[PDB]
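Take a look at this single chain, the form deposited in one PDB entry, given in structure tokens.
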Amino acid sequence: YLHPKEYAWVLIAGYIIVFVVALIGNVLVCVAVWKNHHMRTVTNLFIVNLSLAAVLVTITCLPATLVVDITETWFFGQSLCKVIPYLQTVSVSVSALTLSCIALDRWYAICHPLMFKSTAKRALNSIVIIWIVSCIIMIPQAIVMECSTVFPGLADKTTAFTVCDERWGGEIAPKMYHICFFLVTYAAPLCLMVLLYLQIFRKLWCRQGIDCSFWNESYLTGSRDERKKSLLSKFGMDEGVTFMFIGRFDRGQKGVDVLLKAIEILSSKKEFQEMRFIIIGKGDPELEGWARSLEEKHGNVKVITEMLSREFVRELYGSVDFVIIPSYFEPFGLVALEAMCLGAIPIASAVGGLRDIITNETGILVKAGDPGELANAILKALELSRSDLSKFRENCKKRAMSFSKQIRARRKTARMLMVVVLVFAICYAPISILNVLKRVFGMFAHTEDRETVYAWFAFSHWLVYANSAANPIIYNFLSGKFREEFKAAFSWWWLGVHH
């Protein structure tokens, strides 16, 4: 009789630790969202769902798995031989489908051009769908689980035990079921989340975000008046209200065609004589020739096709009155953040990130396709410029800092969510390969070392339950709001504060 295992001490200890940690942590997640209305976000409603799935399996499956792995015997009868494996797979499905909808919700918010944000009622409905789908697609698992009894002995049996395992009537079905199980609970959702989070990362960290250490007013000297006077002097222009465009020259993207048409519109107006235009860029030679014809015709229009250093551009932002951003399409809007940080108040098409950045007290928005709209906005800016614009310049700087912090907050949430996904991928990797190798490829049949293989399965099961314990710990280290509410919990229980 084989009896005892060398690793039972650590398996029992690790299950006790994970049980306590997973139960308390996931309950506190629920408590944090339920007790604090400011935590009620679609992301956090999904996170609550994850914690409910983890509580479910922590209570109904973890204790059974410990006993089975230690004893290789099923003590809990026929109904629980079906119910517990069913709950386990339903919870895995809930976890991976919840993680998936977390990722899709973030992709629409951050990556989609209209930046969709889901209501809490909509999130709840999604949560209901997740549970219904999961309970339905795991019905086969409940069907296939069976207890078998074994009679060990030579002649007359004197003892017996019952084990709980899958019952297949052919070699094809278990292969197909467990192929699908790997794809539905692990492989497909992971691929979906890696792709979605790669674009999110790419938008949040690399295409969006400004060098807040380079683009600031502190590197500028003297008053804005002194600097504008000297900029126009260096550019051979008279004093006046100064508008700047900087960007590649194209039709349908950066809008220089709209600005140049708008300049033609303005040029027959008496107000045109008070305005100065600085047009910086390169591209379509037909658009370049249009700009150069206008610069030659009009003393108050300057065109720069040469490459400027970043220090030079920063001086421009810190000298001009207004920056004109007549984009058709502008997902990120670095010009607006850069210009606003240096006090230049933006006149921009209401598209994309420009519409996100610019408010009614921090710039002038115009229809992205309309040259007459841009001309009217430039005229309004001239009249604004007849008075002190300092309050407006301060509003721009403050708004740009606030946006930068806002980008930063989205980064912290996204980084935390990617860590959760990574920890899910790791914790479920071992069981997934063992399950595929065993059920699809028929390995471990011949038990030349059944001991090592059984040990690998027991570690892999524990690691699955450890995932339930890890998620609240991740939120504590990577989320300041969860950390504070966790702290509130520990103080209400150990101390009794009730904050």
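C-alpha atoms forming the largest set that superposes within 1.5 Å between two forms make up the rigid core. Numbering follows the first chain given and starts at 1. First, how it differs from the form deposited in another entry.
- Listed options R224, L437, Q406, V55 include one hinge residue for the rigid-part rotation between the two forms, namely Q406.
- Hinge motion between the two forms is captured by two rigid parts, the smaller swinging by 11° against the larger on C-alpha superposition.
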Second form
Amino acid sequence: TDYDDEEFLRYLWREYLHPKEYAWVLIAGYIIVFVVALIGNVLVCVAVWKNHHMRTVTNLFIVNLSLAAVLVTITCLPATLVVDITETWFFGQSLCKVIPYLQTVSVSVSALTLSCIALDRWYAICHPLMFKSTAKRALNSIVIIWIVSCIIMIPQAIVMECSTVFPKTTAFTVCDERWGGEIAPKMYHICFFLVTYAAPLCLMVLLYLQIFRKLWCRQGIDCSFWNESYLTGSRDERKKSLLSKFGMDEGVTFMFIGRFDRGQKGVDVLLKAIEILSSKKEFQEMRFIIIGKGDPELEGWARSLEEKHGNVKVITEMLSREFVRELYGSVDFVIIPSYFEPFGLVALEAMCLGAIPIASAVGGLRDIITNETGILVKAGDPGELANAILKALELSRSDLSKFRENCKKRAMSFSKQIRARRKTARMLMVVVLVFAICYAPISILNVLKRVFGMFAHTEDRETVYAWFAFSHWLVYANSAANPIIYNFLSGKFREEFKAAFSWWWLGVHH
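Let me have the form deposited in another entry next, following on from the form deposited in one PDB entry.
We keep it simple here and write out only the one chain, dropping partners and molecules.
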């Protein structure tokens, strides 16, 4: 008649010493999370492996984010519910090593996968080469993440130990970390806080802040304002009216709008090109509007060409938003001879209103301007810009209306891409924020406990064990939350969630 088999009876003989009866609010909260995390995360894998349009690098990682969340929801979640209520280990020495090893590996996989998503997004949106990763490269990085996590969390499995604690007189079994010397655990739990929480979050905040700044602000094209409908009449009716205001008659109009910079916007390239062209009879067919302020030398050069030629006009005063809109929907060509332009907001603004851009083949403008929607040249070459202004005149003897419609369709198509990339970043950023808030209490509490040595001398252990149990539930709640973020913030996931639910209950879609 051996009593080694029964640990639950020994817990009943001690149950009176530490009652809680907030156990029902924790059991209810653990069941709710268990169902939502298991249903939601499996739907994530299914929705990606069903639809081949969904197999993007961002989503393949998101599946590897749900694979680790299903692993803990099954193996680690029920064991945490029992321990945080009974304060006893009922699962034996072998599972005292495996279960905590499975949740440290899962926390490492989750931090490194979220960092690779930010990394992949930054190399695709911010890096000047605009890298386009493949599904093969995303799966090999996924394999490596699991290999790395399984190695770096091996010391945790060695350290866990299941021991019977004798001090009323009825002993009970517990599973905890057991280190030799109080010097190694403080070193390790610093390295755990860094690799799993601190270092990834600082990396992702720095990568997503550059992604937010580019997509929201630097590429923030307001299509509600830069629109064709705000104009009146036909384009040649607006052009000749505009020229007559500056004392010019009809002619192919060229427009520059930008600061007079020494190295950047490139008005010095345009000023050099006008002097090249000024020696030709084709010059008197052209009209130039140079709008800008800045370097005093280039100003004097622009006012010197303005005095000499009657088809050059320089505007140095501050222009209203609607005024630049009137120019874009009037002039024939807009010249952007930039040395450095990583966003090309001027091109999107001008093409949306019909202007045909003659721009440098630099990153922001090279992406937007194609072979059928404008003319590209070398950034620092005034002679190649002079040739392009001659080609724009030759083309302007025919009807340019076909090119204007291509420009409007290309700038709108490019704004759709920005708006699509924006929604994906906003969704990923919420996931990160929710990851930060969910792991914040348990990461801080384990640093204060294991490194700083807090909670050792207790004033009241109820509040400390309550905060510990609450923070532990929040970690599994993060696995419940992410599929809800995908449903609220991604239309591709939302419809695929509805199609998998309709098949599962009704069989109505498939």
